[PDB]
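Peer 1: Each chain, letter by letter, is given below.
4 protein chains.
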Amino acid sequence: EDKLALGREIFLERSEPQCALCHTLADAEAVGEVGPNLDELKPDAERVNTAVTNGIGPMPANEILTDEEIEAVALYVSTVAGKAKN
Amino acid sequence: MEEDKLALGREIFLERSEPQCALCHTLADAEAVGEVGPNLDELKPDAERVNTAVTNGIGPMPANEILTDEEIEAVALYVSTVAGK
Amino acid sequence: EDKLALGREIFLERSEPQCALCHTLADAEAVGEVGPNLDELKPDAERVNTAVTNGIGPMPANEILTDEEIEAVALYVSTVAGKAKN
Amino acid sequence: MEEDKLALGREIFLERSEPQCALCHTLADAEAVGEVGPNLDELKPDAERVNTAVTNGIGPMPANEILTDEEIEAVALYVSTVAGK
Ligand code: HEC
Ligand code: HEC
Ligand code: HEC
Ligand code: HEC
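Chains as they are written, first to last, in our numbering: chain A, 22 to 107; chain B, 23 to 107; chain C, 22 to 107; chain D, 23 to 107.
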């Protein structure tokens, strides 16, 4: 509910650069084309958290998000991938 | 197709759908230029093929939650009518 | 000069749907991804005019542009393809 | 790289260039998410490789007209410094 609104906001607004600009994710109405479609990947929380934290390939590692924000966007993505809002 | 049903189908394809079909798909009639999904002017699906994709989802396309059945029938008819013109 | 401003405006604003939404063309700062990069294709005036007039593949045929507007966007594209503004 | 030269390189990559490099290219440092051209965080070009592309154009990438040589050197240094971080 509220932990979802948070991840959504990180995915769309707080992240730098924003996840939504690089990634596709229907729940967020995000259609970024730079990296993989997250509705296709359907990653678990750990996989997201690791990717955001360390970076991977040409994806940059996080600098501005706190650890709890990284967890919240990891939880969010892993829960909503493949599905639309509510 | 009567002008009011076409107007209905356009509104669903462009705005009512969640996410909006036009966010992901191209369809010249609606001036939709989505890229993530297939170009519907290329696909030229029939009404049943559209109805099934929207109702059930397909691959990374999400299943509909917001539209009613009548609204799904409406957009299916719309897309199958105008795709490729 | 003025015949170029015209083609540019047709390419960006007057066309329905707009050429710029489907096509990439540097002079217009257009980065549409639906059809081919026109800076890559570098078509002659005839090839553009025919495509706009008749449509081709999933590209729709024109309905709203007058014949002189079709000529102007054909002239424009064929002159500027591969190059940036002035 | 001093903060003012980085600020210069960002401004050129994002706004001064014509068209804007960020319109076509991805570069995380600039929050650029262009798709038409290659991802520069993947390419990780050196300064000479950037200078040559911008000066001469390459494939469907147009040659620079607007930037001065100093401005081309600046953006080349910028991209080669930050590409991949
Ligand atoms: C471009 C400037 C991006 C930013 C902003 C975000 N992501 Fe990303 N991501 C991007 C690329 C090019 C890749 C592919 C990496 C590779 O070379 O394989 C990714 C990858 C991911 C993944 C999958 C990682 C894996 O284990 O395979 C995930 C789950 C992911 N990215 C999520 C994600 C999040 C939550 C972002 C906001 C903090 C984010 N990405 C931003 C490109 C870019
Ligand atoms: C991104 C979040 C999408 C939205 C929103 C809509 N569609 Fe979609 N669609 C999308 C993808 C990635 C695909 C490919 C599916 C696959 O893996 O093959 C599709 C596909 C379709 C199709 C073709 C289905 C088939 O039988 O092959 C149709 C007819 C279609 N989509 C229609 C459609 C409608 C009506 C939408 C709004 C209700 C809509 N799509 C939204 C991506 C996305
Ligand atoms: C999508 C909704 C588009 C609109 C709007 C415009 N174009 Fe297009 N164009 C599009 C596609 C998908 C294609 C490929 C056709 C194929 O199947 O091969 C094209 C093609 C062209 C071409 C090349 C034609 C050829 O001879 O190979 C040109 C020169 C071209 N289009 C120009 C053009 C102009 C001027 C437009 C505005 C009036 C325009 N296109 C709009 C997709 C779409
Ligand atoms: C679209 C109109 C572009 C703009 C604006 C810029 N670039 Fe670009 N770039 C573009 C394409 C399609 C390509 C691929 C070229 C090819 O055919 O291989 C490129 C390539 C580059 C490269 C790599 C060059 C190489 O040696 O392979 C670099 C380093 C590069 N571009 C940098 C760059 C800069 C600094 C820009 C602003 C001055 C810029 N590009 C704009 C497309 C477009």
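It is possible that part of the hints are untrue.
Ranges of calculated distance between the beta carbons of each label pair, as one might list FRET restraints [stated by the list, open to error]:
1. D:90 / C:77: 12 to 22 Å
2. D:37 / A:84: 20 to 30 Å
3. B:78 / C:26: 43 to 53 Å
4. B:66 / C:88: 24 to 34 Å
5. A:84 / B:107: 45 to 55 Å
Don't read these hints as lab results, they were simulated from the structure. Beta carbons: idealized from backbone N, C-alpha and C, even for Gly.
Peer 1: Hint by hint, say whether it matches the structure.
Peer 2: Evaluated hints:
Separation of residue 90 of chain D from residue 77 of chain C is about 42 Å and departs from the stated range, judged on CB atoms against 12 to 22 Å. At roughly 23 Å, the beta carbons of residue 37 of chain D and residue 84 of chain A sit within the given window of 20 to 30 Å. Between residue 78 of chain B and residue 26 of chain C the beta carbons are some 49 Å apart, a value that agrees with the proposed interval 43 to 53 Å. For residue 66 of chain B and residue 88 of chain C, the hinted distance range of 24 to 34 Å is satisfied, since their beta carbons lie about 29 Å from each other.
For the pair residue 84 of chain A and residue 107 of chain B, the beta carbons lie near 49 Å from each other, so the given range of 45 to 55 Å is met.
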